[PDB]
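Given next, in structure tokens, is a single chain: the form deposited in one PDB entry.
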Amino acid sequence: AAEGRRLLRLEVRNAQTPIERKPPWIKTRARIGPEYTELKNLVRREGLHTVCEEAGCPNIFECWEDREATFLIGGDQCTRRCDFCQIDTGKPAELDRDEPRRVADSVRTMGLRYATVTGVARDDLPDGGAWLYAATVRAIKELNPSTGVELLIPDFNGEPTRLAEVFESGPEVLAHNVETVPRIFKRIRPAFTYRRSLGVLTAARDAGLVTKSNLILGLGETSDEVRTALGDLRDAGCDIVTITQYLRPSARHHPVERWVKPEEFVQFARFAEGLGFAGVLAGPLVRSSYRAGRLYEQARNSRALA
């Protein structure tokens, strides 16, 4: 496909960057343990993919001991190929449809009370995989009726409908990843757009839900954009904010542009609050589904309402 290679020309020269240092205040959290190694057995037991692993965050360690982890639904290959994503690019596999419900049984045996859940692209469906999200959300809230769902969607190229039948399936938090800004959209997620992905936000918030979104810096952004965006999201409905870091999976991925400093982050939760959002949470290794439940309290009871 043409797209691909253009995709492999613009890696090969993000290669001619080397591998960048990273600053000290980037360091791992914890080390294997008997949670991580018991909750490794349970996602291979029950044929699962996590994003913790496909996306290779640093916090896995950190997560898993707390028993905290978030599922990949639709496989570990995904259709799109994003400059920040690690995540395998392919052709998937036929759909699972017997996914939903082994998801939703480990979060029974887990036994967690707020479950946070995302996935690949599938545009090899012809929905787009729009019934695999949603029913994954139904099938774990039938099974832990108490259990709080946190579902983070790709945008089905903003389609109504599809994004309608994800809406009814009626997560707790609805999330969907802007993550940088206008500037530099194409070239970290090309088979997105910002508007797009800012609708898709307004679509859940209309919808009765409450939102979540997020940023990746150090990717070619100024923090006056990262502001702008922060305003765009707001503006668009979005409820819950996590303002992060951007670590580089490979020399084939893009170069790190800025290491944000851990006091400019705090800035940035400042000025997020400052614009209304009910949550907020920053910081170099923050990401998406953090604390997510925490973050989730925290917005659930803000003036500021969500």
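Residue numbers count along the first chain shown, from 1. Heads up, when I say rigid core I mean the largest set of C-alphas that superpose within 1.5 Å between the two forms. First, how it differs from the form deposited in another entry.
- A displacement of less than 2 angstroms separates the C-alpha positions of residue 261 between these two forms, with the rigid core held in common.
- For residue 273, a C-alpha deviation below 2 angstroms is recorded between these two forms after rigid-core alignment.
- Relative to the superposed core, residue 64 undergoes a Cα shift of 2 Å or more between these two forms.
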Given for the second form:
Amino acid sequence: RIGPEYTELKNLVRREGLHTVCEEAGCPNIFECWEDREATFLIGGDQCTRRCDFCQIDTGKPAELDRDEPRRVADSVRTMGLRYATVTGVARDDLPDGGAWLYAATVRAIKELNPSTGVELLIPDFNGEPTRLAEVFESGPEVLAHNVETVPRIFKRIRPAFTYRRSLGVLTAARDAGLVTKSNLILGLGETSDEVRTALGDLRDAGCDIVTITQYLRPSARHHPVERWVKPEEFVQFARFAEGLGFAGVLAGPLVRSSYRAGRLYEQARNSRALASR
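Instead of the form deposited in one PDB entry shown above, give the structure for the form deposited in another entry, please.
Just the single chain follows, nothing else.
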């Protein structure tokens, strides 16, 4: 499963000491994604100011804002010659602007140096603050993603810093700004199949274009227990359900990480968007 483009990329990463989520989180898709020249980057440090029971990011006091991070990310993207880059980060309630500047500047830096690279920006909610969100939207990523992750009943318990309505509102906000929007559902957290169906419906109504539906992998014993393993035939049904609701791009199964096939999904959302308005 090891190809020449994966090989070139790992060489470049090693020699330059570039940090990627792909290597550092031990993602099993790396062979496939790097062959398509797609990679994922973490900004804002690895200590989040919030706590979600499914999430592998540690909660802690974040280090000082590193304003050189955007340049650093854009340079890694350039060095790797990526066709698609995902930028993700933690919540930054310690910062007065929630880290809005950092997210936007990273996108702007990437696009200034990599005009042919599609950029996907996965954001926290910024408290749903219109002016923070507007700052981020203006950066103009190819995809604005904000993952609701689970259904309302479970959401209110294991994402105490968020609300289901505010998050859906982030997606609606991004859709009005003209962005292609994306969200993720994590199955195996205790949700019912019916709750999954209404959540997909909610996301579609919120204006979401791309949805990924994946299996919960419990990070450690301190984290939320796995409530089930979804069968393949069940992922297929959910995927067909989402396609039938009119999502432009749908991916379901053991995806391990939310950025799996991000480039292909964007392409489908862009192709269908062009098709519609032609």
